[PDB]
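Then we have subunit A:
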Amino acid sequence: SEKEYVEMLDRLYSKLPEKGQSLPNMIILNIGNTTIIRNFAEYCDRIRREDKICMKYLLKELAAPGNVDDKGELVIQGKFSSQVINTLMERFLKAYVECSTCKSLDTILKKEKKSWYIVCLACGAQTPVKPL
Partner candidate 1 sequence: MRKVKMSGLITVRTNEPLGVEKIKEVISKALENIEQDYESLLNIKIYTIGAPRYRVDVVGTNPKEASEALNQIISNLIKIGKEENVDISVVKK
Partner candidate 2 sequence: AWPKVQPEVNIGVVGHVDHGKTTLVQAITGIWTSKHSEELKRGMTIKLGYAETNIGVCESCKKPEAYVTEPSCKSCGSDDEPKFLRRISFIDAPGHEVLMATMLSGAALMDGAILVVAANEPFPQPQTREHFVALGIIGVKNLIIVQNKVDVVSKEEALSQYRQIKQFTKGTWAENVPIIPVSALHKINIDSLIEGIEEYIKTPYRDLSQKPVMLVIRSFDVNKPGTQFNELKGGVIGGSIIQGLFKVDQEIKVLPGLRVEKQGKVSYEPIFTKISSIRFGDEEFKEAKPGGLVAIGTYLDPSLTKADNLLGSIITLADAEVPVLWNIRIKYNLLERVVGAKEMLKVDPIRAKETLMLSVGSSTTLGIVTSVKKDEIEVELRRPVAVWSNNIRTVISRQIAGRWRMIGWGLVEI
């Protein structure tokens, strides 16, 4: 019953992460004592990274609290300068998204008991990263 099979086959495919890119400029603003990244969701979305993760990292580095909009926006409970955000953000890219072998930024992020790995969709290599 290839039919049965093929049916499931096609289903996984259309469940994949698209096919194969500057980085959208991360829009940031201020409202009292908050810094808000309008597209924190889209941004993360286009680097194949979970929001909680960029959030956790970016927040930890900031030493500030915050969560995400119901409409994918980052509300950092602290008014920080647009600049430092980027500085800490690129650092996030370097350590958790960029491939060591070729620097693609076109990667996945495995996880196992206590070892996470960056997985390049181009070169195919795995940069082991400090699970955090």
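Keep in mind how these were chosen: all candidates are chains of the complex that A comes from, given by their letters.
As a working rule, a residue touches a chain if its C-beta (ideal position, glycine included) is under 8 Å from a C-beta of that chain, and two chains touch if they have at least 3 such contacts; residues count from 1.
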Candidate touching subunit A in this complex, from 1 or 2: 2
Candidate 2 contact footprint on subunit A (complex, rising order): 2, 5-6, 8-13, 15-17, 108, 110, 112-113
